[PDB]
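Engineer: Each chain is listed here by its residues.
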Amino acid sequence: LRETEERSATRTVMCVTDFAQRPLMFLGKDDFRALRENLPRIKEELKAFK
Amino acid sequence: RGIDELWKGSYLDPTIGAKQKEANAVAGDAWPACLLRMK
Amino acid sequence: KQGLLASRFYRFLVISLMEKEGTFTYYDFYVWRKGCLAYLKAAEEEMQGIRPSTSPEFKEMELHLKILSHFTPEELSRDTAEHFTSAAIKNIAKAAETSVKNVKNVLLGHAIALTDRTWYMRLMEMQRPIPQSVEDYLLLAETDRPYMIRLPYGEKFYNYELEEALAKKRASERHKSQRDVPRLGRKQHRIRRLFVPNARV
Amino acid sequence: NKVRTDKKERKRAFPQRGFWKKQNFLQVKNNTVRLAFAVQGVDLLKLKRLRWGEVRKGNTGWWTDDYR
Amino acid sequence: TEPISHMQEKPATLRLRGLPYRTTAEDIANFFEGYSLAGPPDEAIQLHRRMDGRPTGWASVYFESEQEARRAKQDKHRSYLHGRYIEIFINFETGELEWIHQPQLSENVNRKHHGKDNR
Amino acid sequence: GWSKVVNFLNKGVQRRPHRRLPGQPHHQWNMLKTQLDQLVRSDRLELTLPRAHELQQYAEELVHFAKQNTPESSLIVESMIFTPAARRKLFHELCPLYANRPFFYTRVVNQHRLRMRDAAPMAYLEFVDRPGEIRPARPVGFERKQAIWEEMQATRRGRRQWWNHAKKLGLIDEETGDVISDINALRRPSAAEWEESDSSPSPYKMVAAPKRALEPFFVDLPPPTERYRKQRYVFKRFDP
Amino acid sequence: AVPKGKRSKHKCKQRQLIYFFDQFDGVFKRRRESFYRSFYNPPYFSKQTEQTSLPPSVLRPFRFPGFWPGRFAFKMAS
Amino acid sequence: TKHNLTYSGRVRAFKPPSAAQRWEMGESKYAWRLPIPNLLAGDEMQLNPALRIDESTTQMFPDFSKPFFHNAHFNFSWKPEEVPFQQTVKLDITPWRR
Amino acid sequence: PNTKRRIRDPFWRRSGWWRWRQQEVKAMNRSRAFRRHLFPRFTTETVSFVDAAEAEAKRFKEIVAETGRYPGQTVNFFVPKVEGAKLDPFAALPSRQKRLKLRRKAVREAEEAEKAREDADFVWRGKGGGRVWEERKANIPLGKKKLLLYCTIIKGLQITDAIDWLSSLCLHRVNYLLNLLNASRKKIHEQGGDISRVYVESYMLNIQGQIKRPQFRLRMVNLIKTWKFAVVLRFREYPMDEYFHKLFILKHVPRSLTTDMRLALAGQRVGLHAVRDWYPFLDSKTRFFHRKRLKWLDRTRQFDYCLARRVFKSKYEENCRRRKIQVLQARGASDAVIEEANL
RNA sequence: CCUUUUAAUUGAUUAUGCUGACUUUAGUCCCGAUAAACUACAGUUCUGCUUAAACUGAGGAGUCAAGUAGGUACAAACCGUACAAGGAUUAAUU
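Chains as they are written, first to last, in my numbering: chain B, 146 to 195; chain C, 4 to 42; chain Z, 360 to 560; chain Y, 7 to 74; chain X, 2 to 120; chain U, 23 to 262; chain R, 316 to 393; chain H, 305 to 402; chain W, 7 to 349.
Possibly wrong hints are sitting among the right ones.
As a list, the in silico DSS-like pairs of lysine-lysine whose alpha-carbon atoms are at most 27 Å apart [stated by the list, open to error]:
#	chain 1	residue 1	chain 2	residue 2
1	Y	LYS8	W	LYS218
2	Y	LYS8	W	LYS231
3	R	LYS321	W	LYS152
4	Z	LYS527	W	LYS192
5	W	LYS252	R	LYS324
6	Z	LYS528	W	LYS192
7	C	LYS11	H	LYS383
8	R	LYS328	W	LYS192
9	Z	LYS515	Y	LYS52
10	R	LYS321	Z	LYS453
11	Y	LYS28	R	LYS321
Rather than coming from a laboratory, the hints here were simulated on the basis of the structure.
Assemble the whole structure, with the sequences as input and the hints as a guide.
Structural biologist: As structure tokens, then:
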């Protein structure tokens, strides 16, 4: 009675959660690397908007 | 080791089925005094 | 030979009863009963390869399926017997060429299926052994099988099985004299205790 | 008391507008029971909420029906 | 009598709720693409309006058979149309008069010792 | 009691502009703010008819001041609201949704039924133009222009009945004296859209869906309305 | 202050009728009118009675078959 | 449910300290570093208590030079020497006199 | 509420409700009510309802009183009931419920017999007649004063009208009356009565007692009471002729029926012909103007009471028969089964 | 039946009579102190008051009462509940 379906855990992804582990956003490796590349300009934009 | 005898084979036994419980529950007559006097 | 087939038939009965998820409607009942009948027919095929078809139980399953086939689609989508009118049951019996008694037997079978599904769900969630035969089922149902849900504001919970069982229980228990039953706070008849026979000896 | 020897029935002869529900305390107790069951893999709340004849394995429901 | 509103006997019907203001009979027909209606969309689909013609958000769709109506309900219940999932209901009786079987009304309503609800 | 005493005691009496809730004024204000926050979070609340009628005005005030987008109106909205979820929902969903709606962002619907437990008349209070609304919201702005244009073209009665309003709306062509042909010519960018001054094969490309983009993978979690739940009421036992 | 005599059966009957009319015209007529106007909308479905109630429905029955000119049921399919 | 519930009107469960928590015949909190226990452990057991830390309960280590709670990671009734000198404040009960 | 609503008083009025004024006004009202009737101008007979069981009981008791003996007694004499007696001197006679059952049997037999009588379409029968049920519910925790209100509400109404009435009130203790009404309606339907023409003809309240509880106060101890009452309702299935004369001629139509008609028309669940079909019963204005039209046609002798009654009865019966046939057909029944169902 | 007798303590509209039932007052008086939500795509309503640690070598600083007053399905039921070595060395089994 307790047997259930079989799924495939094969999609690597990063999860960002709040203090209570509630999910907020999921990013793949490509998005992560794009953010990493664009980081330096983001700091300048933060400074300018401050 | 021996304490199991308080429930083994009875309706409290968890390792046996209903038919076995009924079969174990069947019982005969009580010892009559006439036969008891011969022991 | 027959014992293995019967045990596997019971296992299939339970598993196929619990396969469906969500509400259990008359259509799901019909599908499950058809699966059971097909399993019996395949078992008969295996037996003859090396009689279920001629058994009264087999004929009764056929009659149940025939009665179900005369349910309207909305009745099949329903999941309780609350709104089946006596006229509707009579018309179903007329259309199926059967008896009101057999139609009510189909309804009672569905209600028993509902109760058994709830019981099996609870047992499975708590990881308790499921009874593996009719004897074990009957032995455990006298003390462990659920029968109702308690609701607020005094509203009534509908169980076709409980309605029938309570009606029968009241019919049996009615007018059972308390003349010789010792009741707290009632004076006893000592002479009648001395000469009237007592069946508990 | 259970033997009904006290005089607590005297106040119940007069109307009152309402009564405290002690929901904070009762919910703490209920969640303690739920945690005790859940550490062993039992969804007591789901069982209590199931409809008659309804079977739901795992943490499933109307949303599972919708997306499956 | 060709018009459905004129027929003494109506085909199997379904009732749709959740329709945005933009919804049109052609949109409903496209939503029901693949299912046999009782006629051309202008007759099979009838949006419900008030005295001023404002949409009510409710529609009546006629099908050629109860089997097709129930199949359409099963397939399209809670499916999306213009960003809002639509709810579908049968909208015809069985003739069995089930309303005669009313539930037993509580005789022990202890209001002051039960939880709050909007029953 | 006697029903005619209501007439007797209300002969020559004015209706109170504000319905007074139980408790002291600070408690009443706190209750109204809390229920406004909950209404923002839920898009609709089942209330008593008087309470819906009372909370409607504060909902309207919240939307009206949130739209203005000035420090003063922001502080007003802050004084009206309690929770970050309500703040986020308001500013990021209701304000863009009502960007072209001048006023009247809510509605009260009388259920025409008395509550079982205490015979309290019941109603709904809901924000307008949201999915699942009780009845469809009427259009505003260019969408309203298009609706009127379609009505004018549908029949001659519509043309006559909207003729004067159409002149102000700009749907009448002065050269020919008839209704314009290309209503799309009246399209203009709206505040709800993303200004384009900023001007597919990825394995994790988001999939289009009616309300929010969907991820191309599955996570075994119920929807947020079902993730965390508790018994609505734990029974309190009678002590005899 | 207390009554100086017992109110008679005649006057008690009069009071019964007067209070009946008062309650009628003050509560019961209004409640019945609201109840009958509520029929133009689908019946209320309490989410706290899901466990035992029927599935939500919109149709309201026509309860006098002798005045129904249309069809009562559809023929069985095949 | 086991002992996670009390099956009476008792609200707060009282349990005396366990035998391992006692001192005599109790578990020494530095015995895992001794030779004989490690000789007996073999490959069946790992005695380092750092391996039994529940990731979902413990907090990150703080800087000892900055304000932080003692209960987070110490779990004993004494002050580690690695925590800097602490200020002892004595109440001024008669400010008016001075 | 409206705060200006006109609340009625049965004994006083601004316009002047002295006893002479009441006499004059009620004479006017009686005249108007009588003139509201349209009567057939030709009938073959004036059959009147009689109750054989009641007549036989009356004659039995008259004989007992006149001769001091049971009918047929020649030696012994009648023995009245005394204290402690366990024998009922009138045990041979049927009980009230038995008489009701015999009335239903006689009504069924006369209904069957009328289907094979020539000139049955030109016979006047009058108000009384039809089957009668008496249903009782006990252990109601309400008093006489409230039960009188709740029963004065529903007396004389059609059963579904009464159920709607009592359901609209949102009173917890009216659930007892609602349960009684629902059970009675279900029972009559199962027995084969036409729910559409069952009315609440009368009620009866029977006290059972009152449970008393102490209430301790400053200087005395009081006793607060919880009532125990039973309610007996009399339901009557109107014969088709009475139903026609009530709904069609006098325009006394159940509001539940009218609401169902209006809901059907609003939802477009029926054809456009339904408007003229239901015009005689739909709304107050339509009913008034149809009554005026019928009065004018009768005074010009173009209206035919018997023909109109026959048309109404045939339409009603054919609608019911169609319901039965189509609900049978929805099950996939065979032609033989359907044909045999009509015998 | 009639007759004769009966010591029956034999006739009740009334003792602020006694034991009770049932009306009128009357559907009248009586309703204790602060409350909401449980969601068509994340969350943290507001208020009153503040001993809420439950091993860290230490029975966790008392007495008394409940003739078992916080167990248990929206139960004024049935069933169950005070272990002085605290028994699960259960880092086990799987």
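Engineer: Against this structure, judge whether each hint is valid.
Structural biologist: Structure-based check of all given hints:
1. Y:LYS8 <-> W:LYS218: Given pair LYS8 (chain Y), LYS218 (chain W) holds - Cα atoms ~21 Å apart, limit 27 Å.
2. Y:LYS8 <-> W:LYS231: Holds: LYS8 (chain Y) and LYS231 (chain W) sit about 24 Å apart, inside 27 Å.
3. R:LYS321 <-> W:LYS152: holds, 21 Å
4. Z:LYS527 <-> W:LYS192: holds, 22 Å
5. W:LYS252 <-> R:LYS324: violated, 36 Å
6. Z:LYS528 <-> W:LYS192: Roughly 24 Å between the alpha carbons, so the hint for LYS528 (chain Z) and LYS192 (chain W) holds.
7. C:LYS11 <-> H:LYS383: violated, 57 Å
8. R:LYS328 <-> W:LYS192: Violated. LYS328 (chain R) to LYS192 (chain W) sits at ~35 Å, over the 27 Å cutoff.
9. Z:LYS515 <-> Y:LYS52: holds, 22 Å
10. R:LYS321 <-> Z:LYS453: violated, 67 Å
11. Y:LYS28 <-> R:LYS321: The given pair, whose Cα atoms are some 48 Å apart, is violated under the 27 Å limit.
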